[PDB]
Amino acid sequence: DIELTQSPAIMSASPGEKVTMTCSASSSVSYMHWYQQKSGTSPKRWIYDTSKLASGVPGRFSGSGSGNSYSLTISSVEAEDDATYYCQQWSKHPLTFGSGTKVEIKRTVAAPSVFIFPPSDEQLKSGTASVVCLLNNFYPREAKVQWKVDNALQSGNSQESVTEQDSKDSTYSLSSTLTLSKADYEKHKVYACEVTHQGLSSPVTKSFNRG
Amino acid sequence: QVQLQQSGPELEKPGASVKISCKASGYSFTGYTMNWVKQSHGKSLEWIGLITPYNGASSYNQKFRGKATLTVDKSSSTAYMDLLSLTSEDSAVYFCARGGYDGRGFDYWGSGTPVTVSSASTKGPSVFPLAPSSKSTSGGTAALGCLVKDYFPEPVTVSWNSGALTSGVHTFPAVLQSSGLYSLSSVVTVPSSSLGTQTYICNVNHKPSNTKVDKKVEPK
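Protein chains in written order, with the entry's author numbering: chain A, 2 to 212; chain B, 1 to 220.
The calculated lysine-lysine pairs, modelled on BS3-like cross-linking and capped at a C-alpha distance of 25 Å, are:
1. B:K135 x A:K188
2. B:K212 x A:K126
3. B:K67 x A:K93
4. A:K107 x A:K19
5. A:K183 x B:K220
6. A:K45 x B:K43
7. B:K135 x A:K183
8. A:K39 x A:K107
9. B:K13 x B:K63
10. B:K123 x A:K126
11. A:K126 x B:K215
12. A:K190 x A:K149
13. A:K183 x B:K123
14. B:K216 x B:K123
15. A:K103 x B:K43
16. B:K23 x B:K212
17. A:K207 x A:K183
Just so you know, these hints were derived from the structure itself, not from any lab.
Extracted from the complex, chain B is given alone in its bound form:
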């Protein structure tokens, strides 16, 4: 199957540059185009430009000429985009997407690479339990969670029991605090009877600070 694997989230200072990558697999790299798209504030989509891997030629949205430079490494079937002279306006999620020579639109998209531009340094999160109690119990259901506090920049991902617990999980969008740091929580509802027997661990991934935290959450 077609897969487009992009590089992880980035933090960069204003004025700096970053190179992001898209490793393509499951198809013949040079038979298709590679496009790059910017999504700002989780909403507006803008087309940056494209490259035809067979010869490395590229075509740009003039708005992004000199902001973005597209290249490819045909050996590893990887496409790259360099973003130069970063400013806060460049903070966004960047997608690579496969196109065709036959008007097919963008038929497969990469996972997206968040880039945050800031003079502030990265900081990994503190993780605290949201412990189940009688005040988080109701008719044989209990809620528990973890509070993921004071990290920078976005994003953080959270799983429970290494992905084996998904039913009833809610992971909230982060809020930006007055301190300039983010926080979020992730909660799950589980059967009250399981609290004495079942282990619940939240797994918190913060790639920008190269940190992962596992936190066991217990009653009381």
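The following block holds chain A by itself, in its conformation from the complex:
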């Protein structure tokens, strides 16, 4: 099979920057195609036959190449360009796709807004307590959440999830969920999530007293 290696695997670009990603094939091909896929959506044909744009694809995109080496360029990146881009060859059977280049958009640093949610009484009834900390609209993606219960640092009992980059403001959001038994939850008073981030000069703590 023709193997298609895409580079870089991940790219981060400021709006207005020219960037180029590459698809290198294990043997010669022609008329490479490219697809854009945003998180949670189906791929869309983006460039085909090496350099032709699909309907509705902005003119800042272009494609070129020859031999075993093909490229996709964005002449001036926009926030809406964040996506994974895949190349695809149809020179030999079977058709194969590249490994993808993921494009992230840079923006100015933004510290998270932090919110906390106690478990609902309804969930408690059933024997489990989920406490949720929300970090909203921050950049860059890296952040740190610590849970403290009556000032005791928690480990092993939380899980985090992070959204993909927002196509409009280029920020991320993150949720951290602390899971406890009812019986354990009703043992303690103060529940706190402590958040740090590149853009915070000291930790932000949101907390509540059960009751």
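Starting from the known structure of chain A, fit chain B onto it as the hints suggest.
Coordinates of chain B only, in the frame set by chain A:
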């Protein structure tokens, strides 16, 4: 306009089979090819094979011969793929995509059909409020949400107020819990002043368990 409507998410036991469909509309079915593509772990794309609807002939990636069987029903302009002898490695999202006889690539793709292969049974989610409070308020903005807990398999979709509320919504990717079940949350930021007057309902769809849940989320 060209539309490719695929069938919904599936759960199947190892060893079983599943037939998925792609209903094509807005164009002449037999003038184009129909391709099928597997996407694993939301990343790698593999071409399974194609069928030329005019005569039902098909061509396969040898890796998928005998795993996949392609057919069409020209009456209803529908393409089908049967996946046989399912194993965990077959858990993925499967796309149909229109191709041409003129080197146009895949110009339109279907919505995708998630298939999960597991011996575990389906389970619909419990939905709990993430209620707005003074501890989820900041400078006239309040956050609220719903916690969608303990369902299987993926996926769940969430909307707010039947799709009329979209600005400021964040629905998080699910996490797999130690129990083998998924959970996610969906949150939205809204003006604090609206809390007394505006109704907020999260609408949670879990097709694999044939369940939909609406949950009204209120202060306190």
